[PDB]
Amino acid sequence: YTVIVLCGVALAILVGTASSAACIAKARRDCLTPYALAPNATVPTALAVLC
Amino acid sequence: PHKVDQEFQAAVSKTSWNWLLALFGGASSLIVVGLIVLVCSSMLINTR
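Protein chains in written order, with the entry's author numbering: chain B, 369 to 419; chain G, 391 to 438.
Among the clues, some could well be false.
So, partial list: chain G residues that the calculated Cβ filter (under 8 Å) puts toward chain B [stated by the list, open to error]:
| no. | residue |
| --- | --- |
| 1 | 404 |
| 2 | 433 |
| 3 | 436 |
| 4 | 437 |
Label pairs and their in silico Cβ distance ranges [claimed, not checked]:
| no. | chain 1 | residue 1 | chain 2 | residue 2 | range |
| --- | --- | --- | --- | --- | --- |
| 5 | B | 395 | G | 435 | 53 to 59 Å |
| 6 | B | 396 | G | 419 | 51 to 57 Å |
| 7 | G | 406 | B | 378 | 44 to 50 Å |
| 8 | B | 386 | G | 424 | 34 to 40 Å |
| 9 | B | 379 | G | 436 | 41 to 47 Å |
| 10 | B | 409 | G | 422 | 24 to 30 Å |
| 11 | B | 404 | G | 426 | 24 to 30 Å |
| 12 | G | 422 | B | 375 | 36 to 42 Å |
Residues from chain G that keep clear of chain B, each with C-beta distances beyond 10 Å, as calculated [claimed, not checked]:
| no. | residue |
| --- | --- |
| 13 | 394 |
| 14 | 399 |
| 15 | 426 |
| 16 | 432 |
Hints listed in this document are in silico derivations from the structure and should not be mistaken for laboratory results.
Just so you know, even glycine gets a beta-carbon here, dropped at the ideal spot from N, CA and C.
For reference, chain B alone in the conformation it holds in the complex:
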């Protein structure tokens, strides 16, 4: 009951990190891909905010 709490804390940390990373990456890819932009360009206005 003393190391189980640590294991649960690690599990929660990993779950949150993985889910957040996957979702942010997919959302960014969706927002960037059909836009089909390039770094350091004029079109990436929203990019000036995004990255």
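Place chain G on chain B using the hints.
Same frame as chain B, but now just chain G:
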């Protein structure tokens, strides 16, 4: 009898600490702000 307690570099007066705290600079924050505005201006120039 004297020095019943050994010194622990605590002879430093509070006034000296006050002068030291306000002395040490923090221009590195200004440097980082300058770098960030430089990046934004570089992108704006890239707009052309």
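Structure-based check of all given hints:
Violation of the interface hint for residue 404 of chain G is found here, the shortest Cβ-Cβ separation to chain B being roughly 42 Å, above the 8 Å cut-off. The criterion of a C-beta within 8 Å of any C-beta in chain B is met by residue 433 of chain G, whose closest approach is roughly 6 Å, and the hint holds. Annotation: interface hint on residue 436 of chain G holds; nearest CB of chain B at approximately 5 Å, less than 8 Å. Checking residue 437 of chain G against chain B: minimum C-beta separation of about 5 Å stays under 8 Å; hint holds.
In this structure the supplied range 53 to 59 Å is violated for residue 395 of chain B paired with residue 435 of chain G, their Cβ-Cβ distance being about 29 Å. Taking the beta carbon of each, residue 396 of chain B and residue 419 of chain G are about 29 Å apart, not inside 51 to 57 Å as hinted. A beta carbon spacing of about 46 Å between residue 406 of chain G and residue 378 of chain B agrees with the range 44 to 50 Å that was offered as a hint. Between residue 386 of chain B and residue 424 of chain G the C-beta distance comes to about 37 Å, which sits within the given range of 34 to 40 Å.
Checked against the hint of 41 to 47 Å, the pair residue 379 of chain B and residue 436 of chain G passes, with Cβ atoms roughly 44 Å apart. Distance hint check: the CB atoms of residue 409 of chain B and residue 422 of chain G are about 25 Å apart, consistent with the given range 24 to 30 Å. In this structure the hint that residue 404 of chain B and residue 426 of chain G lie 24 to 30 Å apart at CB holds, the actual value being about 27 Å. Taking the beta carbon of each, residue 422 of chain G and residue 375 of chain B are about 39 Å apart, inside 36 to 42 Å as hinted.
The non-interface label for residue 394 of chain G is consistent with chain B: the shortest C-beta to C-beta separation is roughly 45 Å, beyond 10 Å. Separation of residue 399 of chain G from chain B is adequate, the least Cβ-Cβ distance of about 39 Å exceeding the 10 Å criterion. Every C-beta of chain B lies more than 10 Å from that of residue 426 of chain G, the closest at about 12 Å, which supports listing it as non-interface. Residue placement check: residue 432 of chain G does not keep its beta carbon more than 10 Å from all beta carbons of chain B (closest about 8 Å).
Of the numbered hints listed earlier, those contradicted by the structure are 1, 5, 6 and 16.
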